[PDB]
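Trainee: So the chains spell out like this:
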Amino acid sequence: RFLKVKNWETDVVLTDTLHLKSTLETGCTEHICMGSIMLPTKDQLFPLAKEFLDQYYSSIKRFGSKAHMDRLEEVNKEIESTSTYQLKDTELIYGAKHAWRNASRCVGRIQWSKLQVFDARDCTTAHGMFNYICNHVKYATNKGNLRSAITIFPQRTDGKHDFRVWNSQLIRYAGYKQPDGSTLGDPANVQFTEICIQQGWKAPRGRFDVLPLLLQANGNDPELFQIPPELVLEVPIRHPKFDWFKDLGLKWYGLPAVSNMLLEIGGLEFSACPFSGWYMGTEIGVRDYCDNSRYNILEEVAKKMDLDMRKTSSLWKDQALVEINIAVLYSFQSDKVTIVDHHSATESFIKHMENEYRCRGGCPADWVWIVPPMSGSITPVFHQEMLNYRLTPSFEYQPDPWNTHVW
Amino acid sequence: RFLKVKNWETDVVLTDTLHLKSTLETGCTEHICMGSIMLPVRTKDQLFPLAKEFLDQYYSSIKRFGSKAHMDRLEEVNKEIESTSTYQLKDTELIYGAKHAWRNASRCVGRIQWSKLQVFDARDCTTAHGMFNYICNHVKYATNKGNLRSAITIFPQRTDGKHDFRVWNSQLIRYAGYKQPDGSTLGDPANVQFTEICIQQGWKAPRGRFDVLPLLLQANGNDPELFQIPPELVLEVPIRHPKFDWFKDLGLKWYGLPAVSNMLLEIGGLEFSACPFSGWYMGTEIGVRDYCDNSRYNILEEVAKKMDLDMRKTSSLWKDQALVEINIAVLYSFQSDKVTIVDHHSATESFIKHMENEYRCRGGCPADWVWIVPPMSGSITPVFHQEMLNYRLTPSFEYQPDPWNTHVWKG
Ligand code: HEM
Ligand code: HEM
Ligand SMILES: N=C(Nc1cccc(CCNCc2cccc(NC(=N)c3cccs3)c2)c1)c1cccs1
Ligand SMILES: N=C(Nc1cccc(CCNCc2cccc(NC(=N)c3cccs3)c2)c1)c1cccs1
Ligand SMILES: C[C@H](O)[C@H](O)[C@H]1CNc2nc(N)[nH]c(=O)c2N1
Ligand SMILES: C[C@H](O)[C@H](O)[C@H]1CNc2nc(N)[nH]c(=O)c2N1
Ligand SMILES: [Zn+2]
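Read top to bottom, the protein sequences are chains A and B.
Here the first sequence stands for residues 299 to 338, 350 to 716, where the numbers follow PDB author numbering.
Here the second sequence stands for residues 299 to 338, 348 to 718, where the numbers follow PDB author numbering.
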């Protein structure tokens with residue numbers, strides 16, 4: 299009930315109390331740990358609303374004030390009448406910031422309080438959504454000096470009137486299968502790519518074709534929009550010592566911006582809530598480029614480096630992996646687009662944990678996700694015990710819209 | 299109830315039913331996951356269920372479940388418990404037990420090898436000089452001049468908890484740690500405390516950077532005694548790099564035989580508190596953890612100086628570069644000297660095949676992702692992409708408190 303976590307590299311020990319305020323369930327039992335699985350009414354709403362407003366009014370130091378009780382009754386009347394309610398702007402900003410704060414898989418929550426919240430609850434059409442999204446991209450990109458932001462569309466109602474961005478991120482590259490047999494472009498996006506082609510997109514069929522946005526307002530069929538190319542900031546990938554690196558032809562976009570998650574605040578569901586911050590270097594260098602089912606380029610890079618590829622024990626995969634990642638970092642820095650390296654990001658996150666343990670009484674953290682996908686044990690997060698638990702407000706996964714939507 | 303796990307790189311889906319035979323507790327609840335937490348006499352009452360359950364397992368695996376010989380063994384253990392309070396394992400059931408404990412070890416990436424385990428029975432042993440002899444034979448047999456063989460030696464089980472056999476060292480072979488008065492460390496930082504116990508107990512410390520610690524051995528609950536392993540029995544490998552000629556001048560070496568001596572083997576309710584087992588090393592255990600943790604030899608800086616990397620910003624990835632070079636160096640030294648070692652690409656790929664085989668034949672494979680994934684190059688090894696179900700089966704290996712915090716001194 300009072301829990302201790304230990305850093306085995308420094309012997310720092312923190313006590314967790316925050317976990318007792320956990321609501322949702324983990325997947326785990328006393329019999330089976332599931333910590334490595336990727337995805338494990351009027352009556353219903355009022356509790357959820359009350360829990361949220363209680364923490365809201367406590368955070369501004371008005372717990373048990375008139376204004377607190379009064380809001381609680383006003384929302385109570387709203388629900389009992391309309392079977393739903395609206396968040397105030399202030400509560401919306403707080404809900405959003407805290408959803409990020411409670412994101413146990415997010416290594417960059419040291420930034421949680423500097424989030425620009427754009428309220429788009431007045432939106433009615435895909436065109437409207439396209440407009441908010443472009444202002445979001447422009448704002449967050451900031452000519453390379455990236456800034457955290459989320460844009461929030463209208464909340465779920467009956468459930469047939471949902472706003473969704475079909476894309477997984479605002480900015481991704483297309484995926485094409487070939488007669489040849491293999492995949493041109495990002496193999497991760499082949500299915501979405503055909504939904505765009507099958508919706509009307511004329512695909513340039515290149516390796517790095519930015520995808521069009523597929524936007525759905527009010528449960529309607531989604532519509533295509535190309536993001537003004539002048540708004541998509543991209544970085545050519547070169548190496549600070551390998552002259553031939555640039556001839557591999559690699560580029561990546563500067564703005565990571567997740568668009569397929571569902572934001573839950575005080576029982577209310579915001580099914581379109583694209584958010585953006587900036588990249589940890591390994592996300593691109595390790596995962597996007599080197600995953601066997603992504604751009605999968607290790608084999609081709611190791612060749613240029615002329616390493617011994619006849620035996621795994623030469624560690625050629627590892628040698629090539631480092632250089633690829635050196636080059637991502639170097640490129641972004643040289644072009645002055647915000648990026649963070651895994652050493653810096655994890656060091657930051659440990660400082661954040663230490664703040665949250667003393668400010669809040671804990672920090673939910675998912676070790677499987679927090680530890681970078683390269684050089685794990687030489688970053689401090691590796692040695693840090695973490696407690697994973699689910700707090701609200703939260704971001705949550707949700708079914709791909711194309712499995713659900715009806716035409 | 300059935301449970302699927304998915305590999306995200308191959309989309310292979312596997313179904314687990316084995317977890318249904320799980321009895322021990324995970325540390326997690328429906329409300330909290332403790333997956334990255336480092337650490338997780349019996350009455351007659353608690354004892355016979357544990358015995359019966361273990362011997363049903365044994366007799367099924369030999370296709371004799373329900374047999375005359377299975378029943379007679381049940382009744383015999385039944386009566387032996389209820390009269391002598393405990394019972395003794397047959398050799399075959401001890402062999403089978405020790406192999407299963409390894410097979411059920413969810414944090415072990417090496418389990419493709421589980422069925423190949425030399426078991427030495429030292430349950431007739433009575434004294435520390437007796438333990439020393441058993442341990443020497445084990446070290447000699449497992450070393451096999453560099454062609455490492457897995458083995459475990461099993462000393463008498465716990466009885467009243469007052470007459471415990473323990474090996475006080477955490478591994479049979481390991482380097483001294485010496486805290487200096489300026490606050491720096493000589494040798495290996497993780498062994499400072501154990502090293503001081505040795506000094507106190509009579510050990511004359513050579514006080515170098517790679518001094519093999521003596522064995523500290525407790526028999527039958529008596530005070531531990533000191534024994535030096537014959538150096539001819541201690542295979543060591545000097546560390547060099549195939550292309551870096553200055554690498555040898557760093558003065559590193561490591562031992563070839565990893566042999567864990569502080570765990571408790573539990574079989575059918577019985578507690579074997581001294582049970583050293585040994586295999587061989589995955590390269591990253593030495594190159595990443597032993598040499599590059601901040602709390603161990605910590606050579607990253609010195610290697611990075613020698614490679615003349617940019618060290619002013621972490622974003623140069625100078626740490627990551629040095630770490631790869633050290634790791635190539637470790638694998639290179641061992642292979643050149645014909646000492647068995649396995650790299651982490653090869654070990655994790657073997658583990659994935661083993662885990663699939665285990666889902667087919669056994670209905671599952673408990674596995675701990677936090678431990679299975681190597682401490683370098685995580686996502687380019689296929690285990691990173693493998694969802695895994697962690698749960699506890701017996702027989703099993705378990706942690707136990709260090710003996711110096713529990714031992715009652717006689718004088
Ligand atoms: C400031 C820049 C940021 C950095 C460097 C950062 C870092 C990361 C990284 C590396 C991951 C794992 C991604 C993956 O492996 O797929 C992640 C997960 C997450 N982040 Fe952050 N983040 C940042 C800003 C934010 C913001 C502004 C939000 C929300 C407002 C956020 C919410 C999340 C969520 C919900 C996840 C987990 C998604 C999932 O479960 O699949 N991130 N973050
Ligand atoms: C054949 C050579 C072997 C290799 C390459 C291998 C590999 C490993 C590695 C790399 C670890 C993680 C250790 C750490 O990070 O400290 C481990 C854990 C483990 N292995 Fe294996 N292993 C092998 C043989 C065995 C044998 C013969 C047994 C028992 C008979 C065994 C039982 C375990 C147990 C109980 C753990 C967990 C340690 C803990 O919880 O602290 N290993 N093994
Ligand atoms: N299907 C796959 N992976 C898969 C399947 C489902 C979900 C996810 C998680 C990816 N999430 C995108 C994401 C989410 C949150 C943060 C980021 N990264 C960022 N830096 C930010 C995005 C927005 C603000 S910061 C990326 C990955 C695989 C392909 C190849 C091997 S596995
Ligand atoms: N006390 C520490 N760590 C710690 C605390 C508790 C347990 C363990 C795990 C150490 N295990 C050693 C081990 C265990 C099992 C297998 C191996 N490796 C092998 N290849 C084999 C050994 C024997 C057969 S195979 C090593 C590590 C720390 C010191 C500095 C920072 S953390
Ligand atoms: C199966 C396993 O849970 C899966 O590979 C996870 C591991 N850790 C991860 N960590 C991060 N940050 N992102 C990921 O996509 C994953 N994938
Ligand atoms: C806190 C965390 O659980 C701890 O550092 C673990 C992480 N994973 C590990 N994995 C292995 N194989 N060995 C270890 O010592 C550790 N340490
Ligand atoms: Zn768990």
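Calculated from the structure, these hints are not laboratory results.
Just so you know, even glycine gets a beta-carbon here, dropped at the ideal spot from N, CA and C.
Among the clues, some could well be false.
[Said to hold, decoys possible] Within a straight-line C-alpha distance of at most 30 Å, the following computed DSBU-like cross-link-like pairs (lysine-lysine) qualify:
1) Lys302(B) <-> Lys555(A)
2) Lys370(B) <-> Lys626(A)
3) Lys613(A) <-> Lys620(B)
4) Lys555(A) <-> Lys645(B)
5) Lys560(A) <-> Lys511(A)
6) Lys612(A) <-> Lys645(B)
[To be verified] If you want the ones that stay clear, here's a sample from chain A, every Cβ over 10 Å from chain B, calculated:
7) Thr313
8) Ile335
9) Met336
10) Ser368
11) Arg380
12) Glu387
13) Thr433
14) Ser477
15) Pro488
16) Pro538
17) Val595
18) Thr621
19) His652
20) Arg669
21) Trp676
22) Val715
Trainee: For each hint, tell me whether it holds in the structure or not.
Mentor: Outcome of the hint check:
About 43 Å separates the Cα atoms of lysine 302(B) and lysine 555(A), which puts this hinted pair outside 30 Å; it is violated. Straight-line distance between C-alpha atoms of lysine 370(B) and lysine 626(A) comes to about 46 Å, which puts the hinted pair past the 30 Å bound. Among the hinted pairs, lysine 613(A) with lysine 620(B) is consistent with the structure: their alpha-carbon atoms are about 26 Å apart, no more than 30 Å. With a CA separation close to 41 Å, the supplied pair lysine 555(A) and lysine 645(B) exceeds the 30 Å bound.
The straight-line distance between the Cα atoms of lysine 560(A) and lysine 511(A) is roughly 22 Å, inside the 30 Å bound, and the hint therefore holds. The hinted pair formed by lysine 612(A) and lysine 645(B) meets the criterion: a straight-line CA distance of about 29 Å does not exceed 30 Å. No Cβ of chain B comes within 10 Å of the Cβ of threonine 313(A); the nearest lies about 14 Å off, and the non-interface call holds. For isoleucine 335(A), the requirement that its beta carbon stay farther than 10 Å from each beta carbon of chain B is not met, with the minimum near 5 Å.
Once the 10 Å rule is applied to beta carbons, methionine 336(A) is inconsistent with being away from chain B; the minimum gap is 6 Å. No Cβ of chain B comes within 10 Å of the Cβ of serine 368(A); the nearest lies about 23 Å off, and the non-interface call holds. The claim that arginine 380(A) is not at the interface with chain B holds, since no C-beta of that chain comes within 10 Å of its own (minimum 29 Å). At the 10 Å boundary, the C-beta of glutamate 387(A) stays outside the reach of chain B, the nearest C-beta of that chain being 31 Å off.
Residue-level check passed: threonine 433(A) sits 38 Å from the nearest beta carbon of chain B, beyond 10 Å. Listed as outside the interface, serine 477(A) is consistent with that label: its C-beta sits roughly 15 Å from the nearest C-beta of chain B, beyond the 10 Å cut-off. No Cβ of chain B approaches the Cβ of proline 488(A) within 10 Å, the least distance being about 22 Å, so the stated non-interface status holds. Listed as outside the interface, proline 538(A) is consistent with that label: its C-beta sits roughly 29 Å from the nearest C-beta of chain B, beyond the 10 Å cut-off.
Chain B draws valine 595(A) into its interface by the beta-carbon criterion, the shortest separation being 5 Å against a cut-off of 10 Å. For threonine 621(A), the shortest C-beta to C-beta distance to chain B comes to about 4 Å, within the 10 Å cut-off, and the non-interface label is violated. For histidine 652(A), the condition that its CB be more than 10 Å from all CB atoms of chain B is violated, with the nearest at approximately 4 Å. Look at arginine 669(A): its CB is around 16 Å from the nearest CB on chain B, clear of 10 Å, so calling it non-interface holds up.
Interface exclusion of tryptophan 676(A) from chain B breaks down, the closest Cβ pair being 4 Å apart, not more than 10 Å. Every CB of chain B lies more than 10 Å from the CB of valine 715(A), the least distance being 27 Å, so the non-interface label holds.
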